[PDB]
Amino acid sequence: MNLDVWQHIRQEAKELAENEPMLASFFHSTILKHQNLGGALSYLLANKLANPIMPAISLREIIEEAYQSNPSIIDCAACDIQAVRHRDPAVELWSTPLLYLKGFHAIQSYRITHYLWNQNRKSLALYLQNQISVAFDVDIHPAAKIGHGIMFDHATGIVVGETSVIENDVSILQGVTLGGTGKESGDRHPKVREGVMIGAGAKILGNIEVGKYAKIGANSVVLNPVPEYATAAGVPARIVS
Amino acid sequence: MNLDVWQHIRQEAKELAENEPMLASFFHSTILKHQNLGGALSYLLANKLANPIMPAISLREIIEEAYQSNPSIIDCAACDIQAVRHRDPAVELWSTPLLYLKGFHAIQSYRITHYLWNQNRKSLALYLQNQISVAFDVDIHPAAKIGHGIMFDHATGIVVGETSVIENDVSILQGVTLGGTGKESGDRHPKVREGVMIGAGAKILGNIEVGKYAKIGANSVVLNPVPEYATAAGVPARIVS
Amino acid sequence: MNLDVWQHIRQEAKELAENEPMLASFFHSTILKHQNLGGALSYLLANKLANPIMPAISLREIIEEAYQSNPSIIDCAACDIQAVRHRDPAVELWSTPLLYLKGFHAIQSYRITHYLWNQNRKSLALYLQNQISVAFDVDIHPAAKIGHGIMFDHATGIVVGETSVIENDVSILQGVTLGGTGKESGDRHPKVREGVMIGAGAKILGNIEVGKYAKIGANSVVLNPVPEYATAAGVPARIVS
Amino acid sequence: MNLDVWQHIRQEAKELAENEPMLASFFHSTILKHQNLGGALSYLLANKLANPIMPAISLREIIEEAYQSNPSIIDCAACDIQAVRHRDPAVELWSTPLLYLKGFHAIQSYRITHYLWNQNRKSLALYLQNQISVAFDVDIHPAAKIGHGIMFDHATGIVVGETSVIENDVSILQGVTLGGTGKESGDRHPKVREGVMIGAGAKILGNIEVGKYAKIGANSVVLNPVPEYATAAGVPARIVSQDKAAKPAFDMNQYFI
Amino acid sequence: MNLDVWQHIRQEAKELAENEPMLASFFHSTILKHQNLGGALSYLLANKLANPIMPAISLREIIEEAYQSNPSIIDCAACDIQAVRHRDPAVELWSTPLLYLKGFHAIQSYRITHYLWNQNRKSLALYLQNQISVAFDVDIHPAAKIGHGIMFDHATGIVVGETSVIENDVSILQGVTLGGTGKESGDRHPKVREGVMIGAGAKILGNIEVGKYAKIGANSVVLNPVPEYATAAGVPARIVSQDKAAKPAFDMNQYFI
Amino acid sequence: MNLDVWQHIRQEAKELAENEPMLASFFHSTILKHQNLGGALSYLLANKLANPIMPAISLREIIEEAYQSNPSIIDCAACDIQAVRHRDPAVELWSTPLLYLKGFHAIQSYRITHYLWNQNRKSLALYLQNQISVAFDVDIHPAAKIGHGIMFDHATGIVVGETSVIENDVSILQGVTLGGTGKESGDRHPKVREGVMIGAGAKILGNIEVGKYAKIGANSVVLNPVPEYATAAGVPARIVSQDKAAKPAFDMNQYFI
Ligand SMILES: [Mg+2]
Ligand SMILES: [Mg+2]
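Protein chains in written order, with this note's numbering: chain A, 1 to 241; chain B, 1 to 241; chain C, 1 to 241; chain D, 1 to 257; chain E, 1 to 257; chain F, 1 to 257.
Heads up, some of the hints might be wrong.
[Unchecked claim] Residues from chain D that face chain B, not an exhaustive set, calculated with beta carbons under 8 angstroms:
| no. | residue |
| --- | --- |
| 1 | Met1 |
| 2 | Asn2 |
| 3 | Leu3 |
| 4 | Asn19 |
| 5 | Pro21 |
| 6 | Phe26 |
| 7 | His28 |
| 8 | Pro52 |
[As the list claims (entries may be wrong)] Each computed DSS-like pair below joins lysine-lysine, with the alpha-carbon atoms no more than 25 angstroms apart:
| no. | chain 1 | residue 1 | chain 2 | residue 2 |
| --- | --- | --- | --- | --- |
| 9 | A | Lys14 | C | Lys212 |
| 10 | A | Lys33 | F | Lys14 |
| 11 | D | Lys244 | E | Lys247 |
| 12 | B | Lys212 | A | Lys48 |
| 13 | E | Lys244 | F | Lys247 |
| 14 | A | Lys48 | D | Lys244 |
| 15 | B | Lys183 | C | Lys215 |
| 16 | B | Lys14 | D | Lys14 |
| 17 | C | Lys183 | B | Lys48 |
| 18 | E | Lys183 | C | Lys14 |
| 19 | A | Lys183 | B | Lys48 |
| 20 | D | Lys14 | B | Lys33 |
| 21 | A | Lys215 | C | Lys33 |
| 22 | B | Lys122 | C | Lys14 |
| 23 | E | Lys247 | F | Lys247 |
| 24 | B | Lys183 | C | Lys212 |
| 25 | C | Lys212 | B | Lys122 |
| 26 | C | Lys48 | A | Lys48 |
| 27 | A | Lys122 | D | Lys244 |
| 28 | B | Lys48 | E | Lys33 |
| 29 | A | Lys122 | D | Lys33 |
| 30 | A | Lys33 | C | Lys122 |
| 31 | B | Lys122 | E | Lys14 |
| 32 | B | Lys122 | A | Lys122 |
| 33 | F | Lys244 | D | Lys183 |
| 34 | B | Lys14 | D | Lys244 |
| 35 | B | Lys122 | C | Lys33 |
| 36 | F | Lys183 | D | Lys183 |
| 37 | A | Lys14 | F | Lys14 |
| 38 | A | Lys48 | C | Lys122 |
Just so you know, the hints here were simulated from the structure itself, not pulled from any lab data.
By construction, the Cβ of each residue, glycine as well, lies at the ideal position given by its N, Cα and C atoms.
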């Protein structure tokens, strides 16, 4: 659930350090030498988003503070790991999401920009919003609201707008946009309810509702609300009974 | 218009340096210590495209020379900033495009590869074409012709081909291609007239005309000309009266 | 064919070193000082995928070993170069694919992760799978089976799944997915036969057959088998006689 | 309390960031964002000693662990800063030692290797001993024993071997060696007692006592014990004079006959 | 005109790029693409002194501003190159000093800190003073005064303190210190007049005049004034001989009795 | 056979990786993955000497080419490691010299520049001569001739000029100069024969023979020939004593009268 997640990854790292000496020091530095998930995650995120403007060493303190303050940030990471492990047939190890999956890195990094944005650090948040778009190819406005148990499989090209809401247990694939229309401010982005699965390349535009457990077809363009448990596909999207 | 743009950014940088000490030196080095937009832009672009093969320090001289020679390159950057400020509801600061928006960085970087390509420096231009695809996820052939007041919102996945033409005040989103068909050379890429807005994921193929102020739907595949002021949507794209 | 490819690139590098002194040392270090394609390719790949966790110098030995062991890895690179030269109207030089095209870099890098994956080095392969998604925006599961004469033009956003098969002489563009459905393991990814051309943004889902020499339309969503020599387009994809 | 020292630095830091925009983020990230000398110090040293083999971010954890086990390592740095501010006429700010003086950085970095040496991490301690010699040009064996209120002015070229001992309040200049003799292990390096000042280039060799409050002339070669309050000079060094009033480490009087 | 010097370098550069393909882009980016010594020099120094705190690209602007305000800083480098080409038998090319000799880089880098020191940018000047000691192993206080036609051969270990003065045409070798004495500010460092050559390892301490055309023996310790055309040697140094014909900085005659 | 030396290192390496997880990948990448000293050495040196101008990956090819043409360069390193393990009481592991001692790295790096110097690649050799002085603080002209079984303990500050010759089994400490004299090319640097040990800071200047098995006292200044088995000390150096039994390079006896 949480303690299980970190111990599954802890036990795995030991074995993978033995099988691949070239990464032994990486497994030790990232996983094996820390006492909890936050230690591994702040380390990995700091390194992936580093830049001389804001070096890993500086970034890590900012990340740790965030974790110390709102610990739930780490619980959500634990749940996201479990989601990928449970919904992605290609994933066979608990440590894989944590170490190599840019979609998962993008999500946890967004949790940091979301935290900064709500701590009155808009500049640093926009600066990291871009770092995240660059390092992971995922662009999430810091003010978007995203829950836990979320999976961004492959992730390249995902874009989530300012007023977006993604509830728990949502899965999103490469090239999917949750964007808006109009040159005005206010609610103009999608509300994706829990359990929703979005196919690769789908574009959901406007402040529209995406019912829970709905399935959105690859390359579908959703412009109108999608009932709960329904399947929308096509351009524009239609409900396929 | 131009002098207003740089002074809006100059005044903003001072305030953001006060609110975020961690980036104070970044605001000063990039914006506050230079006398004009070109000083800030050449600095930022050099750093974002740096690589040991061609370091920021070396790149910057090449960029500055370009600016010195054809100053309009900087005016166009000023107009692009204003475009984003005016068409993107998420943007609230004039400095945001300049500092963090990879789409805007991609555009101005392309202006440099376009300049190099027309100075008989094809190698360096192809080398930077790739740097730009890597750093910003935007691939623009150096020979494409692009005007000013252009916005690449989010930008991940945009591709513009060799014979493409994009006129002024055009807005393009993530995943959009202006590509061609055929294994032959010659005109084989889109001509997008002024004011045109292209939705996320749209693919416009061939040497076809995209009338002014037309609107192209997300994920639309345009294979035939689109009349001025019209709206094309669907796969293939159809005119929605 | 093979010896011709490396000599076309060798002769070109000399001329481009003369025309662009700023890259002279790059042409010499990458091309002119090595005796064969593997020398240039291992050098370039090591540098593009470097990271302190696994530096270029360390990566290069791993790459060289791979080449020494299975030399065909380099022949396939030679064929891929020729494919781009022959199918991409924008390419005018044999060295261009080798030096600047991220799609081609992604393919050859995948050949290394495929080799590592079959040498019982799953960790290192997943680590490089992510490096490749980051450096080139292309995500290829290491167990995918890909032949030679392959072209990933532009490439941003391409995703190839675990059980995928891509035969020879296949061309794939930006945003295309060869993905799967279901949370189960087993064959769940596309089988693209030889000669197949896939348009930008196409999403091919499931363990389905894509007949040889078929043409897939941009943004097409293929969910059912496509006969040989046929053209599929639309969402879902339909056969356009 | 070593907080006064830190108070001075934090105070300088705010005004320094105000005057030099180009170093603002550096002052805030090293000094101002931290509430004690330990956070500044670990940050700085980890950055100066960084290498892909052991990156700044990794090394910093190792240093904070050492400060957690041995807080006195931080207080020792405070005093070392106080020693420089008082004895080095060139140093007017309390922040200068901390931010820029490589002899200071070296001594503090050594304290970290000294800690690892006895944590059963000798490979890492040797790795860092070398990182220190390369980064600051100072080679201090991790098993050496060094007190506090120590100044290594300029520092380039300083060598301090395995069995060396250096007590509190000693001033050492560039080029100085506290070297061993022989090809066997065991006590074979100098024991420099408090208040001793050693001039530039001086070489002290073997297991010999350098008397408290003694003064070692520049470029001398000391091979025999030196009496307290005595001044040794020459190649080889000879006891040329004696002052029982002087305080060589604090006076920094370089003249001798 | 210091263009002759530059003409020689540019001429060597074209042929050097021709012979060593691996360094071509380095020769073009530093030398050939620039039309004067200033562009080459700022490029090189900014690269050698670079750090995430102050990256090459940022530092270079700071250097070009200094060259714009004080063009003589560039002409001083030309002469320093001429001094090495003439006095160092090991140096056959005019481009060698500029491209590779760390003592040269140090002196030029110091001139930049000297300029910042009086631009009200002492924090940056101290930051760089340290960057210089770390990059080239040479520690020159920014307030020191140094003329032109100066050679720091090998240079590792050279220290020049705050109130030091060095006139034109002086040759200084590795390990040399122009050091202070005392714990108080004020004139307390050596004043080395033209044509003086100082052998490796020599330590000159206090506010003392080192006579024009004098010759300082290696490893000596100078604590009293040295007469013009005199040769001082020993620990402590003694005036052992005098030659009124010699030109120590140019002859580089290291022998003494 | 220099494989015994390598066997020791590989053996230490496995257990070292076992004890210090944080350095595991470093031990495997440098030592364990390679089957001979050449692969470890080229890897390490290329990494220590790396610069965007000549990156580790490029430089390494240049080094492997040198080892392919001149395998004895590797065997020379084996012996240099053996020399340190035997003479330096501080060094207990055979892997220490190889992994961490900058004087060792310098000597091996020089051997590469010496090879390039006569491959018609003098620009690259000078580029590296400087990379070596900056990375390890040791300046060895590429045209210098150095034997094997050589130890540069601590090494900071060592300078060895163009025409210098150093035979087998010599021990040299930090601050030592084998320097030239005069402003003309030609033989003008020391010739140090086997078994000679040179104390810290010593300066040997001009084309003079330093007799086999001789012992040079720390901080001495040698300007005249030194007889075999003789001990020279002082500024200027004088022959103070003679031992025909001693073996200075191996004994490392630093005391003198
Ligand atoms: Mg990317
Ligand atoms: Mg150094």
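Quickly compare the C-alpha distance for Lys183 (chain B) and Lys215 (chain C) to 25 angstroms and report which way the hint goes. The hint holds at about 14 angstroms.
Are the Cα atoms of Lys14 (chain B) and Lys14 (chain D) separated by 25 angstroms or less? 17 angstroms, holds
Take the shortest C-beta to C-beta distance between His28 (chain D) and chain B; is it under 8 angstroms? 4 angstroms, holds
Between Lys122 (chain B) and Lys14 (chain E), is the straight-line Cα distance small enough, at 25 angstroms or below? 23 angstroms, holds
Given the hinted pair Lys48 (chain A) and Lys244 (chain D), is their Cα-Cα distance within 25 angstroms? 61 angstroms, violated
Given the hinted pair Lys247 (chain E) and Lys247 (chain F), is their Cα-Cα distance within 25 angstroms? Roughly 41 angstroms between the alpha carbons, so the hint for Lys247 (chain E) and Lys247 (chain F) is violated.
Once the shortest beta carbon distance from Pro52 (chain D) to chain B is found, is it less than 8 angstroms? 14 angstroms, violated
Need the status of pair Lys244 (chain F), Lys183 (chain D): alpha-carbon distance at most 25 angstroms? 19 angstroms, holds
Below or equal to 25 angstroms on CA atoms is what counts here, so check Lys244 (chain E) against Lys247 (chain F). With a Cα-Cα distance of about 45 angstroms, the restraint between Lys244 (chain E) and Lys247 (chain F) is violated, given a limit of 25 angstroms.
With a cut-off of 8 angstroms, does the beta carbon of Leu3 (chain D) approach a beta carbon of chain B closely enough for the hint to hold? 22 angstroms, violated
With a cut-off of 25 angstroms on the C-alpha distance, tell me whether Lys183 (chain A) and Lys48 (chain B) pass. 29 angstroms, violated
Run the distance test for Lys212 (chain C) versus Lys122 (chain B): straight-line Cα separation, threshold 25 angstroms. Outside the cut-off at roughly 37 angstroms; violated.
Of the numbered hints listed earlier, those contradicted by the structure are 1, 2, 3, 4, 8, 9, 11, 12, 13, 14, 17, 18, 19, 21, 23, 25, 27, 32, 34 and 36.
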